[PDB]
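There are 4 protein chains.
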Amino acid sequence: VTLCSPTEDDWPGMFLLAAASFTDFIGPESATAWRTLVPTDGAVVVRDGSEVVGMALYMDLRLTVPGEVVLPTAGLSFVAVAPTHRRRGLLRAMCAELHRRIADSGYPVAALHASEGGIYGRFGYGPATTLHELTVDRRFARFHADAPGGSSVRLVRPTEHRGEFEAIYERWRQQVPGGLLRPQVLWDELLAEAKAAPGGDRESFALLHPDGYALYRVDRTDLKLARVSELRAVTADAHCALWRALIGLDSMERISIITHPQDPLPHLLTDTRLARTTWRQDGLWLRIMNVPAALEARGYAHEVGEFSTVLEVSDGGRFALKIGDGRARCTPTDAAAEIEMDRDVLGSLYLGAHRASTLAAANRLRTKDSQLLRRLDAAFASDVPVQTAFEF
Amino acid sequence: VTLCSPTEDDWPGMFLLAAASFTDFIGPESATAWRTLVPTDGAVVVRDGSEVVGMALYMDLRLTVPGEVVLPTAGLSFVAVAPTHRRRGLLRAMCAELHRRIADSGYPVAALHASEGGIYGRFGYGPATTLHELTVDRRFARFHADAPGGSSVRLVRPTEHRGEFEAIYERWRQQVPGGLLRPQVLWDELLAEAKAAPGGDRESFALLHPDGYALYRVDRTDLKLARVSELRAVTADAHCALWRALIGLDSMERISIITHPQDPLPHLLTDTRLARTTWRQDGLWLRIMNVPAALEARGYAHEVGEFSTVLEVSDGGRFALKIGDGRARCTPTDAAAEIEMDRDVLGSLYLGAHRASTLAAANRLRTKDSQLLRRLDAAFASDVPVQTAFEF
Amino acid sequence: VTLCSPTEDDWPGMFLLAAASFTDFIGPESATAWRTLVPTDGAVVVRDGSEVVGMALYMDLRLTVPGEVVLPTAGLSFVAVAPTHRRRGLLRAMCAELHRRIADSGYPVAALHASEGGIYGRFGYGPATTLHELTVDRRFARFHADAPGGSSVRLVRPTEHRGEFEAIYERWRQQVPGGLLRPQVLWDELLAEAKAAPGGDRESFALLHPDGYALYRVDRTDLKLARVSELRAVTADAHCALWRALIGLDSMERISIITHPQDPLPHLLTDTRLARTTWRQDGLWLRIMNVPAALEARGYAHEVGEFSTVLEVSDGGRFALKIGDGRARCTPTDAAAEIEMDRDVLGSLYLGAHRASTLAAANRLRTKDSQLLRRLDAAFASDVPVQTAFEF
Amino acid sequence: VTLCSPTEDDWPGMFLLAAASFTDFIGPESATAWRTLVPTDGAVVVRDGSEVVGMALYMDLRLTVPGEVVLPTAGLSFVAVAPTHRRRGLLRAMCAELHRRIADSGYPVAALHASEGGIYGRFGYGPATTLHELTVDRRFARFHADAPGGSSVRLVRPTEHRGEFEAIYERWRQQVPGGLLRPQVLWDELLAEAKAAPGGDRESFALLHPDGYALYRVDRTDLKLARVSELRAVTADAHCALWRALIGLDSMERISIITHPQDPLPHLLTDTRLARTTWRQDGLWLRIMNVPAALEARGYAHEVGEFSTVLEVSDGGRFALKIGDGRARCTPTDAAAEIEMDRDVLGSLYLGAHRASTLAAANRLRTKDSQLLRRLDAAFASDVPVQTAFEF
Ligand SMILES: O[C@H](c1cc(C(F)(F)F)nc2c(C(F)(F)F)cccc12)[C@@H]1CCCCN1
Ligand SMILES: O[C@H](c1cc(C(F)(F)F)nc2c(C(F)(F)F)cccc12)[C@@H]1CCCCN1
Ligand SMILES: O[C@H](c1cc(C(F)(F)F)nc2c(C(F)(F)F)cccc12)[C@@H]1CCCCN1
Ligand SMILES: O[C@H](c1cc(C(F)(F)F)nc2c(C(F)(F)F)cccc12)[C@@H]1CCCCN1
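Protein chains in written order, with the deposited numbering: chain A, 3 to 51, 56 to 156, 161 to 402; chain B, 3 to 51, 56 to 156, 161 to 402; chain C, 3 to 51, 56 to 156, 161 to 402; chain D, 3 to 51, 56 to 156, 161 to 402.
Quick caveat, the hints were computed from the structure, so don't treat them as lab data. Be aware that a few hints might be false.
A pair holds if it fits inside one copy or across any two, identical chains being indistinguishable in the list.
[Said to hold, decoys possible] SDA-like, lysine to any residue: derived pairs with alpha carbons at most 20 Å apart:
{"no.": "1", "residue 1": "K378", "residue 2": "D335"}
{"no.": "2", "residue 1": "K205", "residue 2": "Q185"}
{"no.": "3", "residue 1": "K234", "residue 2": "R145"}
{"no.": "4", "residue 1": "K234", "residue 2": "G210"}
{"no.": "5", "residue 1": "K205", "residue 2": "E240"}
{"no.": "6", "residue 1": "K205", "residue 2": "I28"}
{"no.": "7", "residue 1": "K332", "residue 2": "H312"}
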């Protein structure tokens, strides 16, 4: 039971474990695409001796955090342990080795999407974005008198406007916390999935505005449901225009989208209740690799006045943290801690999705100063609400 | 088609329209209870000539708003138009007359629970609290190592500990935005509903801590589901202790509760995803009757520095609004408006449930200054998350 | 295994078999009511020796047939064979004896409601009315510009307007084919079922017009469904007014009614499709006891010119049938048959629910003359569409 | 926003809007087929400037009406407005232009199948046929002793007997109201849909009689349900023989068919209730383009004696209407109207699906003479029950 970087001879064993572990799994054509994102020592395998019984890798990503700051981010993916080798510590050993390599390589953060919610907390990952599904009964939906755009939107084939989607998405990712650079190879895959599959998904159409797009398709089994796979809007006007067009899908009963908790959609309608929350789940998980580099890198709210505290991360260091004029300075200290929390809690607070006070109520964040808690809450808040870019 | 205060002879016609309009409706024994809360000129009826075809009333309530400030609040309830008299403007005429009486009586706010989401916006009511149902698959739930109370909780009969529930609830309502004084007569009704009904609900039990209680019952049809009707916890320790006891209902598969978006429950567990959001809806709706009295009455966040603006409410006045040291001064002005919004939008922002930026994205709040928007957001935020007291 | 009229000592054994055979079965309080309708020799029981293993009876009823003619009608009911005595010919023997008594007593027709569709055909009964359930999605329902009554309807308690329902129902039954006289004791039972039952049905309300009424209640399990138990309208204006009021049940999603195929409801709306047919079944079954007395008694369409034919009923006689000026003369003959059909087919054609041509296509009605078939079709048609009065 | 006949360059924009608007939509291979049926100026498009945002066309069809008379019929199809251009009057403008062209071209009637029931009434279209789904629990089905054919039916592959289906269908359409000529290109499409699709429908089989055929297939998800796509029988013997064979599908639990209200199937069985009505909906919609040409063209019932009246169609002319010996003469007059109705009501009465009395009860047809109403009812009735040919 040895742990190594894979050789070319290991990859067929990895694709076998992939097919058996992941239901989304196409086959080794999307492998050319995603492999480019994996750097030279970005993968580990466990062999028994001798076949592949475990694998994990990271991709080179670019993540937007509050203040429109873009961090090099190690994106863990393709994580699998053979069903024959459970409870042997393989996941723990693979995560320890990748974290060592990520830290040494100079990444301030790592990120992942979690197949289950109980695994990655113990490895320092905290849920950092929230997926919010809205289902609109569009037969009753009337726009409020105040709603913009009372058309600049066109109904188009996705494949014929790749360049415009690419340009709108690039503008969106730079300005929104949670934003990820989407490389050419993931656009190739997005348009692949957008064409009809025999006994699979129906054709996708696009609604295209100068400052936004929506990709949608009719559900396989339900022909009265349109699923919005993705809506990226750089302006409020674009967002409202796109929703006017989606509510115009007159043959549909329901429009569903996976969005964020602060989606203004409900406020565009005379009946806010028509935008029903049908599902909520953790999106992106963050592990802060380097506490001072992460805390210094992001912007903080300008509204809160300068304050100083001492933050301890459990087995992650203790730091003099000074926050003012929307900037943090974060320096080593042995002075007494005023705030203690595990590494995962800091990742949950990093993009502004979770309030420090809510975590403090659960005892995940500990302080004897309620004023410092209100100050953390306000400082770590995000002006621009955090969204989920794409699963990886 | 005349609109008057009811006489004693009108009340049987009102109870008939009630039975036909409301499915929750017991009969005129809960009528003795709720009638005490209705002040002398707190009810209107519409007669055709000549039976009752429309009715509406308000109750005298006490609502906690941010800063632990308690406002006299007019609670609209028992609103009904006969199915024979729809589209005759009866609701509009009844609301106009009650609002006139409420304003003249000196109430700064009115409140209601909405049977549908598309009605009350046009009468100046904005949804001000959010109901969030969590369903816990308690068979998988393990408490986090950080969770307090790793018992001070007793399993009791509700009827034998009325006094302790009353005392814990009183402490909770005073310290939480959304809190309502619960009068003796609504405690009488709560314990009535807590006893088993033949072909109705199962018996309710209570979990009692010095600083919290939960009322729960097994579902009628589903014997593996326990429904928490109400959990009031004054301390984090009480909340965690009560949830340790609810997760100990070993014969149940699922625990469901209607709570608020900031309920720390998910953070108490090793798998946050086990606390699934199964339902979200508007709770309390607010109509600000007097803008300056409401805006001056509540506390604002101390973290945001002193600022000055001009707020216009559409057909509600224009005001010089100065906010600093957590207090607002709100005075008449004819100076140019920097912020415009309808009366309903102000009610939605009053308890801190909705961000000004989210409403601005929908064009419900209008400003040409993004800095003023961040300042409104931070100032109107609530340190203590807003909760829903009880339906009326 | 003897077949007799019951004695007083037989009735407890009959109520036992009733409880075990019928799920609708209240107990012997509705027995006082229905027993009055049973004439002196109107019941048979089968004893084994020695308990009751079979029973059947008829009631004295008054049935409206085309031409507003009212026939004495023997209504079979309370028919049951013990589960211990199936396949012993008990039903056949009980039906043969009751038919002998009914024929000898001078009834021209017998009638029943069938628990299953495959039993009573072989005893000469044909389905004669059609139950048609409409479910209206009332949230989309808009009345057509042409619809009358663009209120004369009141929302009332059934128990307080018994006399007005009685008077409207009496007018309806006399003018509609399928109409039955409803005696005092069946009004007693109707109002019993109209009050709320603990763990049973919700309270019933009434919509009362000078020329019509609807009884409705909210469904037990579904609180968004109102079930119309009964709507009797003497004029088109009443029918439309009552439906305007039912569509005003704003808290309901759906209104369901068991009506007839020619209910004009769909034509009152801008979208006829909103009145969905959710269920269709046979209502009243007729056995013609005396062919000449039945055929002479009813009115025929005045539009068809005088014609003469020879009708044979299989083991029921052969008759010279002359139809003109809406009257039939029906006299014995040994001349060659031009039309043959079983007794059940004549019952199906008697109230105009089933066309002769449709039965001829199935070979239930046989003729070598297609002109005679068109003539039968037109003559047996009913100006006033046939409806179902009440189950017995 | 201009409205024109499409050019070749418009057709790709039309196929895009088609794919997005219609879920049945194969792609531009069925386009070669259906395009032949579209005459030279039979299509309109709306451009924004500049892409296609709206389209509509008609096909040249041949519709059988009562009296076995075949009318040139303009069949509206491929009607779509882009979801970006709702509420701009595009449908109204496209329908006005096509109606102008259809009227000028000399079509007495237009027809369509409606995606929703609330659209086409306001454009003069009335539902003229009724779709009736029967589901037979074939495990209980026994044929009545009177049922013909107590085999002349063969189980065959559709593709190998195209010529025999074509010949049987041609005989059926000529003799049945609702019948449409089915051109070569729609037979090409029918056999395309009859072969198994990977992840789509199962193979179709045929039951072939000299005077009838049934096409059926096992349902995708339900393997105990056989769906009859089409059953055309020229004789009663063929219809019964085909149903004997379908009831012989011993591996099936249920047989479902979309048929008409007068399908004799239920009468072929000992238990009529086994043929359950699971669904009812409008089939073909008719707009009478020229009232006198339509009313003169069809046959009327010979049973009703000669009568004369004055019919007004709202904005459609007033006419002296004389009906006798199954023929109508329909001439201009300014004499007082005895009957008024909108154009849509006449289309609903044209094929005999809807009675004048039922429409009169809804006030869609207005007269002060009840005798004239009985006369209209009998005269417009159809000897041969109206059926639905095929969707377009
Ligand atoms: O589809 C993504 C993916 C696929 C494949 C493929 F199966 F095509 F070879 N290879 C991936 C790789 C690769 F193995 F390095 F190529 C890295 C990251 C994601 C990959 C994964 C699959 C499961 C978990 C989330 N996305
Ligand atoms: O149960 C509450 C209530 C009941 C009754 C009763 F039906 F017992 F006479 N009366 C109420 C009254 C009363 F009519 F003034 F007594 C006011 C407010 C709420 C009442 C309402 C009923 C429906 C809407 C929300 N709570
Ligand atoms: O409720 C009707 C009914 C009830 C009862 C009762 F159970 F109350 F004694 N007795 C009935 C009688 C009676 F037995 F003669 F009293 C006749 C007809 C219907 C009766 C029946 C019961 C099942 C079949 C249709 N209606
Ligand atoms: O399938 C029928 C149809 C298809 C197509 C196709 F998409 F193949 F090019 N073209 C049609 C045309 C055509 F566009 F003129 F070719 C006319 C009428 C029906 C057509 C339509 C499609 C939706 C509404 C009812 N039948």
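Hints and how they fare:
1. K378 - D335: neither (25 Å within a copy, 23 Å between copies)
2. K205 - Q185: neither (29 Å within a copy, 45 Å between copies)
3. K234 - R145: both (11 Å within a copy, 18 Å between copies)
4. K234 - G210: Result: close both inside a copy and across copies, 17 Å intra and 18 Å inter.
5. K205 - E240: For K205 and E240, the Cα distance is within 20 Å only inside one copy (15 Å; across copies 32 Å).
6. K205 - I28: For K205 and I28, the Cα distance is within 20 Å both inside one copy (14 Å) and across copies (14 Å).
7. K332 - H312: both (13 Å within a copy, 19 Å between copies)
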